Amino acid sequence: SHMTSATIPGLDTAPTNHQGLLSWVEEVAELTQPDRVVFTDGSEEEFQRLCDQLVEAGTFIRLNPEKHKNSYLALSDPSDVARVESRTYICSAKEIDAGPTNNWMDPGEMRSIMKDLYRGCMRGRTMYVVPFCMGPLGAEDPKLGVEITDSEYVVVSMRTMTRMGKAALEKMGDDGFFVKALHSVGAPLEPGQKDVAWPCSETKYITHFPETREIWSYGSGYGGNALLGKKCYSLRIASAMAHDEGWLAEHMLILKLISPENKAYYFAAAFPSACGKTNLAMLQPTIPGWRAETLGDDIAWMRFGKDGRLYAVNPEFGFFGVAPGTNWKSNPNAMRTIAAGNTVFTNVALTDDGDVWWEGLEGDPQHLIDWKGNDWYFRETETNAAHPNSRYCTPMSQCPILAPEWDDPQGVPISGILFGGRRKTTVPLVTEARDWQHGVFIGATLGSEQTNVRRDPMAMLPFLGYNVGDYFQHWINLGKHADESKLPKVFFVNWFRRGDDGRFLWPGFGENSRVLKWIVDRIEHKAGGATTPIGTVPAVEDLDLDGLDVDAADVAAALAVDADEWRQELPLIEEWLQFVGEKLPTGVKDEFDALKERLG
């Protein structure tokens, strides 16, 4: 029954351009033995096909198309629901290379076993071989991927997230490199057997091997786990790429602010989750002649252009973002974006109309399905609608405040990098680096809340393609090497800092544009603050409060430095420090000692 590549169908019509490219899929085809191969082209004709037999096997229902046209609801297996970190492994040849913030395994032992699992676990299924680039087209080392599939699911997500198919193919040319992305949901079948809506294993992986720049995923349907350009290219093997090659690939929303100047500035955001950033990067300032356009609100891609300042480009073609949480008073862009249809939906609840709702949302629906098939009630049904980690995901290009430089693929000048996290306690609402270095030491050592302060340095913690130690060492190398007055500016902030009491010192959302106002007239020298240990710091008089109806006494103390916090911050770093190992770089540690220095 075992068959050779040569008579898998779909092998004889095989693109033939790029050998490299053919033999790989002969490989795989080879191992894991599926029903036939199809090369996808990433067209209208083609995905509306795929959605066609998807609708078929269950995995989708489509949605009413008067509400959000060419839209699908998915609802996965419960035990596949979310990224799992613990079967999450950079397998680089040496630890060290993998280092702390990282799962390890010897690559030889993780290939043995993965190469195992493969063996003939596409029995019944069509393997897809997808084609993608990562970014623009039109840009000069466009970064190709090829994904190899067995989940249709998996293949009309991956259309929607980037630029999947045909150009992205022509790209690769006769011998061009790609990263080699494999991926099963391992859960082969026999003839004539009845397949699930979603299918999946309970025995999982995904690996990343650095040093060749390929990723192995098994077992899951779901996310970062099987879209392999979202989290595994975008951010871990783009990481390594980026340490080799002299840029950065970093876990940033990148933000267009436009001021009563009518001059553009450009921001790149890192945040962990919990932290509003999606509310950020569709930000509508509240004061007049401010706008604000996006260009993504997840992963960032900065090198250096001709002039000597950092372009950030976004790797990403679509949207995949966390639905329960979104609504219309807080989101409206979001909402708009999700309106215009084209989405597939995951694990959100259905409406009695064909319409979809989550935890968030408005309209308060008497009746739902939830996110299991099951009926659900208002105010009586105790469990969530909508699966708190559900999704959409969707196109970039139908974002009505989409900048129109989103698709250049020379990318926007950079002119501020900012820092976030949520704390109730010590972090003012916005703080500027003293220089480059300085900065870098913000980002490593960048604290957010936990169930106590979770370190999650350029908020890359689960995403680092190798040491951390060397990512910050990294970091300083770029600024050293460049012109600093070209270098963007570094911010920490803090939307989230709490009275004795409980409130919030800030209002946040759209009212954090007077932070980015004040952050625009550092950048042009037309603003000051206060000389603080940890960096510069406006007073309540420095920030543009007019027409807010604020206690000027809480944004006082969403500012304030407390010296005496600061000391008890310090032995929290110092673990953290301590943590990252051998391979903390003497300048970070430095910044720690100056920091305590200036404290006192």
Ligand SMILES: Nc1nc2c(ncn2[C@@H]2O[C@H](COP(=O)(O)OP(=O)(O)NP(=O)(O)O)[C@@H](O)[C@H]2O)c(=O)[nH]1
Given for the second form:
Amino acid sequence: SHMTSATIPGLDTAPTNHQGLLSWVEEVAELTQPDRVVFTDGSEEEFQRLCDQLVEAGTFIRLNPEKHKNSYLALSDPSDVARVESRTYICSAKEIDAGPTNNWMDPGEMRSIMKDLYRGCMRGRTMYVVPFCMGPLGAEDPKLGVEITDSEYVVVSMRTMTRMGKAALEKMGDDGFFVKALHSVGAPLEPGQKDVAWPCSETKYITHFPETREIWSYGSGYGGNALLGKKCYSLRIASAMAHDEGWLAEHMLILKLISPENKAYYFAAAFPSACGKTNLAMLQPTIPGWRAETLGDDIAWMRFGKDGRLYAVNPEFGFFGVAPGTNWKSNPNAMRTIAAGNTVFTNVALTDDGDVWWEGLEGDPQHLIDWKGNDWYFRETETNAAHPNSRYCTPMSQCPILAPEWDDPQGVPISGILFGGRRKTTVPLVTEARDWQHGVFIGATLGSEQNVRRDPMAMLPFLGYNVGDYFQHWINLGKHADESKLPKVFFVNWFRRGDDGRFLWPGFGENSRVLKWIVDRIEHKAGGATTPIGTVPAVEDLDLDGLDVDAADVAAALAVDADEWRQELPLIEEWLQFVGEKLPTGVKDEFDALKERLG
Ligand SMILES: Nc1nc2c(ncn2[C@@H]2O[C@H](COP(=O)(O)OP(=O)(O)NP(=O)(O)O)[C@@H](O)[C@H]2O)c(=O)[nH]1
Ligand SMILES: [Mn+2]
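For the form deposited with this ligand bound instead of the form solved without this ligand, what are the coordinates?
Now the full complex is given, and it begins with the chain already shown.
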């Protein structure tokens, strides 16, 4: 009962304008043997049809519309939320081009394994062909993709997370290049066999072929394993493209900050997971006259404009945020974005009146159904009501502080790039780099206590090629740029603690005071101390007006202690050794220069 592609339902009515796409779709369908093939158009009628089917399958339940319009709750197989870094691969032709931060396999060996897994994997299922565009549809070189998937959950989430469907398919023209992204949950069905709400496999691979810009995923239906724009395209494949094409694909929020003189500044900031991207991206300044708007909280693609400045675009179309921790007091703008509805929640808890809840959210609900479908009771049940890494998936357009520039293909000119992580000691609240090459060193040696883990530019899990070559790429882009037009680089730490365990700096909205110093430095309106690690403000250089904080604590937050930094050196040295043969001389130079300044 194997079917030739031309007899599989849906392929006789397939779009024919792009023969490369059609031939690829035919080849994949011949291999995976779906019951039918559907090309998705991204329309609202399609979205509701797919949602109805997800409700029927039990994958979704419809939330109370009086509290969230057009919103759904999905509960996954508990086995499909586990970390799968070890199953994530960069399959470059040579191992060195994957490098020490990546998992490599010979691409021939990998294709042999995965093509075997894919054979017949879609039996009993619909195969969706999902065209999408990463970034605004009006770009010079629009980065397009097509994800083939057997998961309706994936289609609905891709509609929110990318510009999906008709417009992207048309942008491909008759022979445009696109990233081929193949996905299966790896759970074939027999005719008449009852499905489960969340199909998946015990066998998982998330594989990237940098040379051909291809992504092959098998066995997980969850998050960045299955929504292939989110990390696989946005960072892994795109970093390889950016390497070859002279631009940057980075793990950065994009923030627009407006000063009391009504001038806008744009910042890109790279922090590792759980280090404050979402809170900073949706900053509410605490000092009069300062306003903030968001362009993104996860991925930034930066390209030089004709004027010589670096311009950032957010290639995504939605927010895919961690729900626990998000609440009305820490981040009301996130909550307001979610409140507007059109949201899919995954693995959060269900209230008695059809609302959702997660740890950290206001409300103290007395009874919930938890993320496994079991009864949960306030101050009694010893298990989390929502999965600790549960998610909301919501349109960016619903964010009340969305910058008007958010859908501009040209993007926004970046004045400053920020790097930061969680450091209990050593690293000051804010430091400005000495120059671009020093800034590259600061990003390259970014540490976070998540033992201090080095997470260079917050890209440790996401580089599409050798980490050393990636540092060289950063060095190259600055070397060939107009120095006066490059973003200035800053190093922040919201997380320094005193001996009694408390945070020296209050953070959150008060980070606007740090950003004010950064703006002033960009405008040459602020001073600071010249220290061995860069320029660091004194307490008197910061606007602490109206801030109920002990000045000694702010002083401590800003201290540069030579002894602490001397203990930091061998940790940095161990890391630069780990980077391996491709460590750029320019990065080693900065290490040497830091060691010299410290004495
Ligand atoms: N002490 C302190 N904690 C902060 C600050 N900003 C954010 N956090 C805390 O950091 C944790 C995660 O913050 P979040 O903004 O979600 O970081 P994130 O980088 O977006 N996580 P992810 O990127 O994986 O979605 C939250 O518990 C939040 O309370 C800050 O300025 N100071
Ligand atoms: Mn976040």
